[PDB]
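J.: One letter stands for each residue in the lines below.
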Amino acid sequence: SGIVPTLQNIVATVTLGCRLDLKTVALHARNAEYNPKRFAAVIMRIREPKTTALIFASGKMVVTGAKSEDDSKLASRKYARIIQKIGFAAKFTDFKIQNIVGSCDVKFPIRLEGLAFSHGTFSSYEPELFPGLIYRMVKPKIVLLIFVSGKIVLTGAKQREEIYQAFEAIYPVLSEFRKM
Amino acid sequence: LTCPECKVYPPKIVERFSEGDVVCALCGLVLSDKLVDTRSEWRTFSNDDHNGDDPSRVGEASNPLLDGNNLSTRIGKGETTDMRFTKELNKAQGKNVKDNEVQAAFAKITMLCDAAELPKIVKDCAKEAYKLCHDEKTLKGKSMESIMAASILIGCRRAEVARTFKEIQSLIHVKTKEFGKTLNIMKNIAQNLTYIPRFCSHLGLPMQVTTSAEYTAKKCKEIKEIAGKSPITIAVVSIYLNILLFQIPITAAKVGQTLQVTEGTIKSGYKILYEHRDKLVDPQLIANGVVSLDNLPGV
Amino acid sequence: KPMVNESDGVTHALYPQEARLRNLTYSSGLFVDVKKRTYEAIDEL
RNA sequence: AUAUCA
Ligand SMILES: [Mg+2]
Ligand SMILES: [Zn+2]
Numbered sequence: 061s062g063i064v065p066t067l068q069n070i071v072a073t074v075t076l077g078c079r080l081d082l083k084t085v086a087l088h089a090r091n092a093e094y095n096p097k098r099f100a101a102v103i104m105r106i107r108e109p110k111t112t113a114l115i116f117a118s119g120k121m122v123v124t125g126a127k128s129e130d131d132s133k134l135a136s137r138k139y140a141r142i143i144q145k146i147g148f149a150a151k152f153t154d155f156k157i158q159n160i161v162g163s164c165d166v167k168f169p170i171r172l173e174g175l176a177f178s179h180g181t182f183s184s185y186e187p188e189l190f191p192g193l194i195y196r197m198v199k200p201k202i203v204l205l206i207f208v209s210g211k212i213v214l215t216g217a218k219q220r221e222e223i224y225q226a227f228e229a230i231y232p233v234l235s236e237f238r239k240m
Numbered sequence: 022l023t024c025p026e027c028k029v030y031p032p033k034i035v036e037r038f039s040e041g042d043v044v045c046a047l048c049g050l051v052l053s054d055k056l057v058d059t060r061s062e063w064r065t066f067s068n069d070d071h072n073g074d075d076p077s078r079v080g081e082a083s084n085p086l087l088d089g090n091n092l093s094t095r096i097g098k099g100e101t102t103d104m105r106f107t108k109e110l111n112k113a114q115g116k117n118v122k123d124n125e126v127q128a129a130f131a132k133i134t135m136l137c138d139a140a141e142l143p144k145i146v147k148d149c150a151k152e153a154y155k156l157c158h159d160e161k162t163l164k165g166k167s168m169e170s171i172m173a174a175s176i177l178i179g180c181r182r183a184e185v186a187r188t189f190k191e192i193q194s195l196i197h198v199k200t201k202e203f204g205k206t207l208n209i210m211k212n213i233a234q235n236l237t238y239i240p241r242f243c244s245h246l247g248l249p250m251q252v253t254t255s256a257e258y259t260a261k262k263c264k265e266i267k268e269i270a271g272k273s274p275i276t277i278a279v280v281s282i283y284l285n286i287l288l289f290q291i292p293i294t295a296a297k298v299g300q301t302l303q304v305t306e307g308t309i310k311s312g313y314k315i316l317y318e319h320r321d322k323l324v325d326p327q328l329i330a331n332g333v334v335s336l337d338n339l340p341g342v
Numbered sequence: 099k100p101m102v103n104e105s106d107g108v109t110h111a112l113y114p115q116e117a118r119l120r121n122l123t124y125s126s127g128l129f130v131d132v133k134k135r136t137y138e139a140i141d146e147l
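In the order they appear, the protein sequences are chains O, M and B.
Take the authors' numbering: the last position of the first sequence gets the number 240, and nothing is skipped along the way.
Under the authors' numbering, the letters of the second sequence match residues 22 to 118, 122 to 213, 233 to 342, in that order.
Under the authors' numbering, the letters of the third sequence match residues 99 to 141, 146 to 147, in that order.
One thing to keep in mind: the hints can contain errors.
Restraint-style ranges between C-beta atoms, simulated for each label pair [said to hold, decoys possible]: (1) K145(O) with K190(M): 51 to 61 Å; (2) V233(O) with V333(M): 45 to 55 Å; (3) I146(O) with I196(M): 47 to 57 Å; (4) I196(M) with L147(B): 34 to 44 Å; (5) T134(M) with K167(O): 44 to 54 Å; (6) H319(M) with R171(O): 45 to 55 Å; (7) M101(B) with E318(M): 34 to 44 Å.
These aren't lab readings, by the way, just hints derived from the structure by calculation.
The beta carbon of each residue, even a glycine, is placed where N, CA and C say it ideally should be.
All chains should be built: construct the whole structure from the sequences, respecting the hints.
T.: Below, the structure written as structure tokens:
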């Protein structure tokens, strides 16, 4: 082994606590998009940490694109400050990470059909529909996308340890189904 | 049954049907005398009598697995019949009649299989897949013309009748991602060789070409030469290799058209396989015209 | 000419002897040219 | 149900 998964995307939610006028928000923000007809939220962005926020009239906000939990909270506080600077009585509350995505490379090809047959109740593999095997782990409850190349995607985690836990649990199985 | 006199654990007993007796094979004691012919008795339920003259014909067979136990005759015209009373007694059956009408969705499956050229064993699996998942809360509110389009591939995937999901996308309807999620929530409750016969037939190739393409495609997978390309592409590519090797050739445009793949994609798989063309062919393949392994396009 | 649609999609010719042995039907395909026209008028032509 | 047997 020796491989440890790399975090790729962190999704979080934040309650600003006050109602927002989206045209005002979009108008005053330096990096905003807002087309009511397409989606009901201002799509705001900041350069550091590089992230994207979906800002709603209710004052709720979704922050995505961060590569670390630190970066997620940091960028979230920053978006909240922007809203304040524009003039609303916003508050940075209820910061919570909802989804963590990770990925790695085991460095060997995998026999997906064998794995799907062996771990049938957790696996779903339809190569004509999507080339990767969808593995639904029980403990921890994580979803893994397994590819012939040996590249692995882990998602559905609320905490970093779950990403790490799942990979540790899957590695022996990937080894059992290697090609070379 | 077990002989009261002997009692040995494996109770060796014979059914002397011809004398209508059930005997203990060891002591010879007759264990039963009344014995009935099940063949002829079953002839009374499922006969050839559609006219109505047979006095033996006195019942009818039903299917408790598919329609439960719904015994029900139909008011219809007889020899001495006024066309008035038939209408009234039928207009009276209308007030006594929702889910006893959703059985006409079996008529949707039956008319889909017959439009897809599917066997009698596939319909009865598609009708049993649909009866056990159309009232599920796990399917909730899925596209009702895409959950019966998914239960046909569920019935085909047990009856060994090769039908790609894109083959059922042509029938009805199918929204791809919509009948792909529905094909999984029910599942909780093809290969190269599959297409080769049909594609080759449309292609108009000989058995020789079909067999070799079929052998190459399998070897391609066995070799793992095509990492993750769709089987349809692999097959179309293999068909290209074999056919080009033989006299009657078919072009990428023509193969792709039949396989319903694109030449560029067939090109993609083909070139991946070409390097190991030698390993791929059947051993007693006879390249003809002027197409030997060296000469194959290589494209 | 008479044909048969096997379980594995493939259609091919069918001779009387194969029909009698595999209990098939010695039938051929019926094909008809169909045309679907469309017409329209506003509130005769 | 058709065919047939005396
Ligand atoms: Mg006589
Ligand atoms: Zn006995």
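J.: All hints, please: hold or fail.
T.: Hints and how they fare:
no. : hint                             : result
1   : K145(O) with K190(M): 51 to 61 Å : 53 Å, holds
2   : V233(O) with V333(M): 45 to 55 Å : 50 Å, holds
3   : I146(O) with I196(M): 47 to 57 Å : 52 Å, holds
4   : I196(M) with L147(B): 34 to 44 Å : 36 Å, holds
5   : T134(M) with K167(O): 44 to 54 Å : 52 Å, holds
6   : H319(M) with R171(O): 45 to 55 Å : 19 Å, violated
7   : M101(B) with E318(M): 34 to 44 Å : 40 Å, holds
The structure fails to meet hint 6 from the earlier list, while all remaining hints are met.
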